[PDB]
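With the sequences and hints as input, model every part of the structure.
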Amino acid sequence: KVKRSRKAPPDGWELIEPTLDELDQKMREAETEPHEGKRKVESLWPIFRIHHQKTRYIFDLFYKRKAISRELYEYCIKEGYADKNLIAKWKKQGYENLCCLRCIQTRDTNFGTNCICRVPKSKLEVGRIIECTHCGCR
Amino acid sequence: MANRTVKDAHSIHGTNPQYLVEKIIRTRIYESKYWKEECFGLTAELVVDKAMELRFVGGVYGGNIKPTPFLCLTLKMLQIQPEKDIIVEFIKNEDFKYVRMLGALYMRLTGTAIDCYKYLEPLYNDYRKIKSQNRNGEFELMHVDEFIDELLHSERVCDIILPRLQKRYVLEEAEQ
Amino acid sequence: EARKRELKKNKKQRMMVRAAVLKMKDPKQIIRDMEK
Amino acid sequence: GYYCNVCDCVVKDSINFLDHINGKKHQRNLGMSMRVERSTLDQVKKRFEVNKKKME
Amino acid sequence: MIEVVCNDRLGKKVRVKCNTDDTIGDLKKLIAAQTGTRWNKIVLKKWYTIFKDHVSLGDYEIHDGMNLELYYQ
Amino acid sequence: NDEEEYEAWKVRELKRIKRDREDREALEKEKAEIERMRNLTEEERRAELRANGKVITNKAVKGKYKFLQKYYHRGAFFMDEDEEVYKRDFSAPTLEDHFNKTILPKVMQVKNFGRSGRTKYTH
Amino acid sequence: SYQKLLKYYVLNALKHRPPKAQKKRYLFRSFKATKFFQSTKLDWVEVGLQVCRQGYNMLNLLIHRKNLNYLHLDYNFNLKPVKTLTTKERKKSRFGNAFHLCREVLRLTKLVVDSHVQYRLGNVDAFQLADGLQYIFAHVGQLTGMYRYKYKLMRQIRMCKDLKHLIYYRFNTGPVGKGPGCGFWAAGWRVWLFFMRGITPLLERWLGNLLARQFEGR
Amino acid sequence: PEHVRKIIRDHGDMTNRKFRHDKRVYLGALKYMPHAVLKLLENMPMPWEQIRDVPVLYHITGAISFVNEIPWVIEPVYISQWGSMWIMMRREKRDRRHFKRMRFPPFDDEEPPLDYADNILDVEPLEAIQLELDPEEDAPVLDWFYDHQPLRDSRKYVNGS
RNA sequence: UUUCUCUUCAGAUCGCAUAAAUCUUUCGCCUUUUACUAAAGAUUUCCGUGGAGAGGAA
RNA sequence: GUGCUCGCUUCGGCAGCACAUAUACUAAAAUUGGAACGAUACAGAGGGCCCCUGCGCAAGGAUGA
RNA sequence: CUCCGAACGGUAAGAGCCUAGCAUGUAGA
Ligand SMILES: O=P(O)(O)O[C@H]1[C@H](OP(=O)(O)O)[C@H](OP(=O)(O)O)[C@H](OP(=O)(O)O)[C@@H](OP(=O)(O)O)[C@H]1OP(=O)(O)O
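Residue numbers (the deposited numbering), protein chains in the order written: chain A, 3 to 140; chain B, 1 to 176; chain C, 24 to 59; chain D, 79 to 134; chain E, 1 to 73; chain F, 271 to 393; chain G, 446 to 663; chain H, 63 to 223.
Do not take every clue at face value.
Unchecked claim - With a cut-off of at most 25 Å between alpha-carbon atoms, the simulated BS3-like pairs for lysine-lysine come out as follows: (1) A/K123 / A/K9; (2) B/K23 / E/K12; (3) G/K511 / E/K12; (4) B/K129 / F/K288; (5) G/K536 / E/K46; (6) A/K9 / A/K80; (7) F/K332 / F/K371; (8) H/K162 / G/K606; (9) C/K46 / G/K533; (10) B/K33 / G/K528; (11) E/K29 / E/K45; (12) G/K528 / E/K45; (13) B/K66 / B/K50; (14) A/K86 / A/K66.
Said to hold, decoys possible - Which bits of chain G does chain H cover? Going by a derived footprint, with three or more residues having C-beta under 8 Å, they are: (15) 461 to 469; (16) 495 to 502; (17) 532 to 540; (18) 566 to 577.
What the hints assert, rightly or not - Distance windows between CB atoms, simulated: (19) A/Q95 / H/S223: 24 to 34 Å; (20) C/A25 / G/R510: 30 to 40 Å; (21) B/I114 / D/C82: 44 to 54 Å; (22) B/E31 / G/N512: 11 to 21 Å; (23) G/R650 / B/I114: 48 to 58 Å.
No lab work stands behind these hints: they were computed from the structure. We put the beta carbon where it would ideally sit given N, CA and C, even for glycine.
In structure tokens, the structure reads:
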């Protein structure tokens, strides 16, 4: 979502345009999507999926692939395209991949504040059913 | 009963399913002589019969708010909420006029602005006549091009307020 | 000033009396019982 | 004035009577007439037959 | 020149200064200029004595202070 | 009159098509008019050129309240229309300002048993 | 005007005692700790439109809980009747106190927000914007109908009307001599901010008193 | 980010989208803790930099989007900004003859403007009255004067975030 | 080095200005009240602010 | 899923190591029935409790033991 | 010489007929 930044972009911005705007179009489609069909909060799963995809892409470009410069790894977050605190959460060894909070224990929030996929793969998903009210991160 | 269509409705995100019209004018449509007949139920088919038998295109007249059967039938189709295929069939109908007019109107009030342009642009070539009732009861012969010009460019071409369709410049900068 | 309240109380009492008179021998009380 | 046969009532006005059978309890007892949205071909036939009968 | 009180018991006690031999369309223009509603939507009543948009003001013979129950179309 | 209808269908199509392009260029014309006024304000003339009209939508041709004629507010809700109903010079006595309000004994603001305010611009 | 401004200034200078109390009680600091709040970075016009829509939704749900199906706010927060309720209904809709005031406040707020929306949506876009804001504070002085719920407004409204001519005789001096000086809201907006900051608790109390009457009993 | 907008998708319905269960305190806190009219009366976007950020605490059901942000405009920079604006407004009042600023009621009598600017909002003229400064005398007050937060990446003129 | 959490002490124009309410007195009103007017004193509420543990990111 | 065993032993993998450990007024649903002092026809006035408007235990208006 | 106010004190009470936006989400076999 490109609105304005009161300045010019960095040098390596042209490479980001197509994939970034494809993901932004997916987000705009999921934002104006219909409510009929979403049970209670099913409409709020794919928005988290898209945000996760955007953070994944900008993080892979930041220093995982070492392609994006140091300006883009702060300017892309300086303007609104990804989350800095979320990537800081990814810096931990345990916080590999999960949503904001959909299967966490009693964190600062009464329901949870850790992650959607925070539950274990070896003991969670009681019996057989895996799901998450906030993001559905099975 | 005049609450919903049958049991459920994809709520138009603008204001509400039925309340896209002002509540005053809606309540006037209910308390009306024409609402007695044809309000027993009109889903998809009988709407076509009740539509072609009223050759007016107008809103409110009289000192009291006097709704035309044009406006009341627009509201009836609004409560019915037909599918887009029927509305597209009415939009592409050249023989009957006011059916196409109602298709355009409901598409303006029920539809994305992209589809609004896509289905209202080819209505910019009918130089034919259209009958419309002024607020003082007196009629006037108006061209259809003037009608769509007041619809898209102008606000409240009828008594209804329109839900702020975008400017063409932004869409031209972004899309078709 | 209190005369207004006194007249209002008198009018309320008279209205209650008239309502009781119309209801006691009402069509649903007297005339309805006239058929029984 | 106006008097219904199945509704078993009488309305002493015109507009007041018009707002009676359109959603009456006895009218409901006669049958549920909820507007069922017909198929897309329904409007097609409603247009074709009416153009063939009224016009033609 | 006349002062009229376009009144209502719903947060609209408006005081419009109408002309002597003026119509009511201009009076509705003033009522919208002081009330904040579209011109053609305003309605003026006094126990269902709906004043119309062509009957003049001196025709009914309104004078200073004649309040009018305001309603909307 | 089909030959006349198609002739006017272009008459309306030309005006409607002219309004579109006239609206697009107006954004540049407004910026260009500021640029023309920019150089006009810069090096046109030191108090030797106006090229203007001081145009206002509705001229409030006020008068002089007699002694305590109420401060009537026109209501600033609709003024872009430039309706002629506004140009009437609301400086007249409405209900009770017809009097002189000087022959009175000392003063009379309002005897309606509500004189919370106290002011008459003496100071 | 300057006399009234100096009067307010000196009366403010008098009632100035060192405040040291309240034990540092802060709001919007413990809400986020619970699951009844979430922080976000949303554009200002978006937040304003959201607040206006939320206020209209709240008032509409209030009027709908009362089963009054013959009233309408119209999104300018001008409560509009429908069919001349005069049998026993006009005695049922005599709010007078808080509905009137909340209506006036949300009307002012939504009006400012929609003005800036038209700015972003292709308004005059020039100094005409700030001129409009100056006229909007004049209208809050006069146009916005907040008199009935509170008559103490006239103090700050005379303050704003004096602040008006405090500027034009400092702005409309020289070439600009008659025309509408667009001015600024450096003082108007300031006064209304202080006003709302001081009067938040009154409406908190009135809603605490009213919501129990419309939701619990009497 | 966009959770708010989908949380606004419900404006009132018959248990369609969080209507029934999310109604009672959705009304209660909506009418009890307004506390946003003040913030909007205290978080003007500073029109010389009208691209404001406005962080917003929002109830989950969508009752109110409360603003937690507070303005901390630096006094002398603030006064210099509004003085430059004073000069430019005098200039625009002197030069222009016809002055259209009378759009008094917006929203068009029950036309909610929530469209095309509660969105991607392609239009963004944030260059309203930004005075063109010649970096010959106004150099040191140049790159930290048309930004509403001229302290973030300073580390010398700002104690912190 | 930078921030968020909070129990805690403020008589620094705690905030180079400035909101309201409650109570007690004194005026103007007054048809009853609520809304009121302009002066004094005190107690609270809200926009806040200052200085000191402990616990969480770069 | 992440990083690693001078692991089995390849760079295919096999086994192990440590981080991460329990959200869910569960259901997009189901059925369930009522109230205008509201329009219309009709005659056309000699002590507290239960309710409504309401911010004040300000004030105001009201049938039902 | 520009200071501009709102609510209550207000619409008799009545018997016959009629129409409706709203609300529960469960215990248990
Ligand atoms: O008509 P005047 O007695 O000369 O005073 C007017 C009047 O203000 P006041 O009536 O309160 O003194 C205008 O206010 P409004 O009538 O619009 O409410 C105001 O105009 P603005 O609203 O734009 O501020 C401004 O008039 P102007 O715009 O020409 O400056 C002002 O003083 P002047 O008319 O003497 O200039």
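Tested hints:
1. A hinted pair counts as satisfied when its Cα atoms are at most 25 Å apart, and A/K123 with A/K9 does not qualify at roughly 46 Å.
2. Between the alpha carbons of B/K23 and E/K12 the distance comes to roughly 19 Å, so the proposed pair stays at or under 25 Å and holds.
3. Distance check on the hinted pair: G/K511 and E/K12 sit about 22 Å apart at the alpha-carbon level, within 25 Å; holds.
4. Taken as a hint, the B/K129 and F/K288 pair is honoured in the structure, with Cα atoms around 23 Å apart against an allowance of 25 Å.
5. The hinted pair formed by G/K536 and E/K46 meets the criterion: a straight-line CA distance of about 18 Å does not exceed 25 Å.
6. Between A/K9 and A/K80, the direct Cα distance comes to roughly 12 Å. Compliance with the 25 Å bound is thereby established for this hinted pair.
7. Between F/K332 and F/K371 the CA atoms are separated by roughly 21 Å; this keeps the pair inside 25 Å, and the hint holds.
8. Of the supplied pair hints, the one linking H/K162 and G/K606 holds, its CA atoms being roughly 22 Å apart against a limit of 25 Å.
9. For the suggested pair C/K46 and G/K533, the alpha carbons sit about 22 Å apart, so the restraint of at most 25 Å is met.
10. Restraint check for B/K33 and G/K528: the C-alpha separation of about 16 Å stays at or below 25 Å, so the hint holds.
11. For the hint pairing E/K29 with E/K45, the CA-to-CA distance comes to about 16 Å; that is within 25 Å, so the pair holds.
12. A C-alpha spacing of about 11 Å is found between G/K528 and E/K45, which places the hinted pair at or below 25 Å, so the restraint holds.
13. Taken as a hint, the B/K66 and B/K50 pair is honoured in the structure, with Cα atoms around 19 Å apart against an allowance of 25 Å.
14. Proximity of A/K86 to A/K66 is assessed by CA-CA distance (about 15 Å); at most 25 Å being required, the pair is judged to hold.
15. For the segment 461 to 469 of chain G, the stated coverage by chain H is violated: 0 residues have a C-beta nearer than 8 Å to a C-beta of that chain, whereas at least 3 were required.
16. Given as covered by chain H, the segment 495 to 502 of chain G passes the check, having 6 residues with a CB less than 8 Å from a CB of that chain where 3 are the minimum.
17. Closer than 8 Å: that is the beta-carbon criterion, and the segment 532 to 540 of chain G has 0 residues meeting it against chain H, so the requirement of 3 is violated.
18. As drawn, the segment 566 to 577 of chain G meets chain H at 12 residues by the rule of a beta-carbon pair under 8 Å; at three or more, the given contact holds.
19. Our hint of 24 to 34 Å for A/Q95 and H/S223 holds, since their Cβ atoms are close to 27 Å apart.
20. Checked against the hint of 30 to 40 Å, the C-beta distance between C/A25 and G/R510 comes to roughly 39 Å, which is consistent with it.
21. Between B/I114 and D/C82 the CB atoms are about 50 Å apart, so this pair conforms to the stated range of 44 to 54 Å.
22. Distance hint check for B/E31 and G/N512: the Cβ-Cβ separation is about 18 Å, which falls inside the suggested range of 11 to 21 Å.
23. Between G/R650 and B/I114 the Cβ separation comes to about 49 Å, which falls inside the hinted range of 48 to 58 Å.
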